Structure formats: C-alpha cells, structure tokens
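Undergrad: Below are the chains, spelled out letter by letter.
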Amino acid sequence: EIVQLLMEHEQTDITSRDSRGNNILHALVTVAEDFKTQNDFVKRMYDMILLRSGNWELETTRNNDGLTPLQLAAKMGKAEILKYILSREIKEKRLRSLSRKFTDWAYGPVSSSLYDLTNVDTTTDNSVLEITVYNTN
Amino acid sequence: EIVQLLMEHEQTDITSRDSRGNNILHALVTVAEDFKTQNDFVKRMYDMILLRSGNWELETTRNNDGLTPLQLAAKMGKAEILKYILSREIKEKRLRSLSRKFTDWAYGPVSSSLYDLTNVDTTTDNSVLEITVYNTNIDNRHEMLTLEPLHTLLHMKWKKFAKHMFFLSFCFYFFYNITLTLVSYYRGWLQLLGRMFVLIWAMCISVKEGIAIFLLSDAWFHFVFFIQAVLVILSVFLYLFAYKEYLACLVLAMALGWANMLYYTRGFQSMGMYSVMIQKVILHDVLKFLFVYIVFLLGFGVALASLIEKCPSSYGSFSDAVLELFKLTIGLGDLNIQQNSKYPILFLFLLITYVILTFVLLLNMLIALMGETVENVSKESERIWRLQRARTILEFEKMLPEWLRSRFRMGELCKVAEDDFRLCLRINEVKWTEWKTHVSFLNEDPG
Amino acid sequence: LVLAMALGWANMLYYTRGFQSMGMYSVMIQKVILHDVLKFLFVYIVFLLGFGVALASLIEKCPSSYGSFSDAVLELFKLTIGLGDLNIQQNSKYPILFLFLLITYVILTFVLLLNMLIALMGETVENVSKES
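Residue numbers (PDB author numbering), protein chains in the order written: chain A, 276 to 412; chain B, 276 to 462, 480 to 508, 518 to 613, 620 to 754; chain C, 551 to 613, 620 to 688.
Just to be clear, a hint being listed does not mean it is correct.
[To be verified] A short list of chain B residues far from chain A (calculated; beta carbon distances all over 12 Å):
| hint | residue |
| --- | --- |
| 1 | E332 |
| 2 | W481 |
| 3 | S498 |
| 4 | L591 |
| 5 | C612 |
| 6 | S621 |
| 7 | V662 |
| 8 | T665 |
| 9 | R690 |
| 10 | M717 |
[Said to hold, decoys possible] Computed cross-link-like contacts, SDA-like style, restricted to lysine to any residue with a CA-CA straight-line distance of at most 20 Å:
| hint | chain 1 | residue 1 | chain 2 | residue 2 |
| --- | --- | --- | --- | --- |
| 11 | C | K686 | A | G352 |
| 12 | B | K634 | C | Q645 |
| 13 | B | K738 | A | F310 |
It should be emphasised that the hints constitute simulated quantities derived from the structure, not laboratory data.
Cβ atoms here follow ideal geometry from the backbone N, Cα and C, with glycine treated the same way.
With the sequences and hints as input, model every part of the structure.
TA: Here it is, written out as structure tokens:
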C-alpha cells in the first residue's frame, strides 16, 4: 500500500540510482534470498513496480559494477527471481511489450512460446549464460 | 482455573518449599517428560505462575540438592522446558524485567537479541553448560547443546582460545611421538637432548591421566593415554637396567601412540565424524564378529591338530594350525593337499566348511553394518562429535589460570531495566517470515 | 616419457565426461577420490610409518625377512593385498610380540577399510547422486 502511495506522487523519481548505483529493482534483486525464507513477496513487487511504470529503462540501467538487474540476478545466486525475470508473460496489451515470453502458435493443448535472447545468448559482453556458468561464488 | 483460584488467595504461599526442598517450579521441571507425551502444558504453567508472581525468588531458591530450577532442568534430561527457560521474552513492561532474552537493535527484518549468561557461562560453581556436558545420566544431550546461547558459547570459546590450545597440544604430542620413533628406530649426544624431553612429557601425561582417571564410550582414549606413558617410563627404566625386555614395551608404546593420534583427529571438522565412526563401529559391530570368529578358530584348530598329527607335517601343533587358518582367511597360507593325514577327504571338507562359514560370517557383519548405516549411525556420529568437542572446550576452559578466564570473559554488561547490569551475549538474526512493529526494544539507535 | 604416458591414459578419463551415461561415472570417480578416499589414505600412511619403524626395531636384532625401514613398509604393503608371505618370526628378539603387533596391524587396516566403506554407504544414497 505504501509503495503504491509513493508511486502515486509526481515528485517520486522511480529511476533514481543510489550511491552504489542501484535503482529500486537492483535492490529487490539484492534482497531475494529464497522462497522458504521470504515466501516470494519480492517477485510480486518486481512485477508491480514495472507494471506501474511501463518502460525498459529500469532494466536498462546499471549499477557502478556495470550490471543490468538481470545480470545482477545472475551474478548473485538469485534463482527464484531469475525464473520470473527470464520468462515474463504480461497479459495487458498496453504493457504487453514488456514481456519476454510470447505465445505465437497456440491452437489448443499444443502451443509454442517464444523467449527473448537479447542479453542471454552470449552475443553480448557478459550474458546470463556466461555469468551463471563462469561464476564460482 | 483451579491454579488461578489457589493463587488468588492471600493464604497461599507460592514460595513454599516441600520436604525435598522443591518449590512449585522445581516440581514442574520434575514432571516435564516430553512434548509428544505431555503436549507441553507444563511450559504454559511455568509461564503463568511466574507472570502471576513477579519476582526472581522462585528461580533463586534451591532444593536440598542445592540446585536452582534452571540447574535442575539441566541436571535432569529436560530439554523442551529448558529451551523456554533459557530464552524468555516477556512483552509486559511491568514484568519485562523477568525476561532473559532482550531485543535491543531491531530495525526491520534484521535484529539482534541479547541473552543472559548469569548462571550459564561457567563463571559460577556449576553452570548449565557444565552440567549438561559433564552429566552422563541424561542420554539426551544432543538436543541440549543446540539451544540458543549454549551453542554459540561453544563456538565463541572455540574461536577465542580452545582452537589454539588444541592445535598446540596436538603439535607437542606429534613432536613427542616423533622423538620416540627417532630414539627407538636407531636403538648418544642427541639422546641427551631427546630422551630428557621424552621422560618429562611422559611423566606429565601419566600424572594428568592418573589424576583424571579416578573421577570416572567417552573415557576410553583417556584410559589409553595413561597406559602409553606407563609403557614409556617402564622402558626408560629398563634401559638403564640391564635387560632385553625394554624394547618390547618401547615399541608397543610407539604403536600405541600412533594409534592414539587418532584421538586428535576428532577436533577436525570433517575428519572428526570419521574417527567417531571408527569408534562406534569397532565398539559395536566388529566386536560381535570377532569373538564368534575366535570360537571357530579354536574349534577347527583342535580339529585339524587332531587329524594332521597322525604322522609327525604341514599343520603341526595347535598354535601352528590356528596360525595356518588365520593365514587362510587372508589368502597367505598355501592350501596343501592333505599329506601325513589319516583321512584327507574329511580334512579338506572340514577346511572348506571353515572357509564357507568364515565367508558367510564376514557377510553377516557386512549385513548388520548396512542396516546400521542409514539413519542411526550418521545421527549418532554427529551427536558424539558435538558432545566430544563440548567436553574438550570445557576441559581446556578449566586448565587456564584464574586471571586468563577473567581476561576472556565472554559477554558484555548491558543496561536492562532500571539496573539489570547482567552479563549478556549478543546474537544477530534475520527473520523474514513474521512482520511486527517493534514495540519492546532496549536501544533506540541500532548500533 | 613413461610417466607422461601413464598420465595421458589417466587424463583420457576427462573425455568420458562428455558421454551421457559414462559422464556421471567419472564424476563419481572424482568426488569419491577427492573426499572419501583421501581421508582413508593419510590415516593409512600413518599406520604404515608407525608399524614400519616398529618392525624395523624388532627384526633388526640379527642382521632377515624384514630388513631396513623401506623394506618393512614395503612388506606391510605386500601384506594388505595378500602378496607378502607371512614368515614365522626368525632373526627376531621376541616373536610373540612381533606376531601380535603384525596381527594388530592387519585388524586395524581391516576396520579402517571397513569405515571408509561405511562412510561411503552413508554418502551414496541421496547427496552423492544429486551431486554427480
């Protein structure tokens, strides 16, 4: 409720980066320890804030370590939130652009989804598939 | 309800001690067998009576055995009630002084509680940490040392002083045993440097072991360290004495020392449970196999000594025949076609029956083992290791000088209530499950 | 050259990791040789080097079956396999202690082999498979 109140005001800067460089989404990635520990409330807030502000900027921005929050979720050992980020199906047609999983072929029980490999398929500097494999910590 | 009625009357004496010396709380400690047996109603009554009479007297008083009900809960094997007594958070500000766990630093999901180490931190005559460790009659100490303050006290004492003392003692023993081997393998100017230290350290171990052996599967090793030093000092006496029987006790002391160095593998994190496995299995599973194997040895020995003595020979007297059978179970004794024997077919049949019975007996020790390993063995190993470490930590805790223990002095004096002024232990924790606006807190600025 | 050979035939185990079924097998080799066996090996070496100086102290009375230290350690390692023929104590000061000390070596080696098997049985059920 308080998060909705703070998003309602025009004075609020959603995209504000802190001293460490993290916007709000990087922080939510920082905190999301585990399902049994937290009960996955962070995933809900990650959904709600993006659906509140329809943009790619928040995922676009980087902390001082130079990482998008997808790449931060991969660098840290955050799995339950990555399963959400890496496959999003937004139903609303106005904010449907922000989805990363698209169904294009559904006829019935058979359907083929369509994932986004933008920062994932090792075609960039450090993709998710590179980080999650080459990270020993 | 009736307990409330009886507390309502002014004629009631809450603090009345019975013939045995127990007030009401000692009694409730006496009865509290287990959770599944009782459903933990005793804990509720322990709470209700203290909240009815706000005092420290009831916990202060002692039975004729001279024990506070905390110490009584520790002496008896009462765990579920001790987890309650040892960490109480009373919310009421008027009776908040009677709590033993205080939260002083809560900001959000992160918070550090603050336990009371008054009668717990081995700074008194017999603390809880002393009783629960040195009491053998409990048979439930696995669940006693995992409680909130005690577990961390053991970790802290290990991190501060017991690790270094243990490693240092291991080092001295290692140097000692190597000097013993360097003396015995080459058997004078180097002996003047070595043997003096050897005799001094042998006398030291023997004195310590004879001192602590009079006050007592936990004491076995400590019984062996004495026998080793006895053998060493005996061999050093018989070195100056003119005899040949000194080397025997010397090398037996050697082999016993290299067998005793298994003791110090118990302090390691990973290798400790391994040595505990050695101990438990050699104590229980193998000793059943060994006697029932010896009886077959001594039966078939007289059997074969009865047959093959017909023409005085491969299998000679009894001792040689038993030795040949023991050569056989390994594969060393070459099977000889029966010669100088009355009846060779019975000879061979009786021997093959020995082979088969030994094989199925080895098989069954393996079987009982497989059955043992799955659940009980692992839990038993972990429990024994934790208990052993706890025993060692408190053994070294009493070796230190008087000023050294006061120098370490785990805990800090916190300001609680108007003037609690009690030694406390700080433990930081993180709780994401329950969200509660923090009403009861001691310090406002979280440091 | 020959050490490089043997090391190459030991390194070809690396490429068994790409196979579907044989891969988890080599991972089992690695995990067990790393964790379960290495505990057994040092605690076996220490008995070797204790009983070696012991037997070299006894059987050196008349310079001989068990000679210098290296030969005695070698004979003990012959014994744990079954290769070293057990000799009745000769050229020895005291044969009964000789035989007793050797049988104690046999029994301690046996129970130690037993315990590595035990910790192994405990390891295999759930954690080992998932780890592999």
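Undergrad: Checked against the structure, which of the hints given earlier come out wrong?
TA: none
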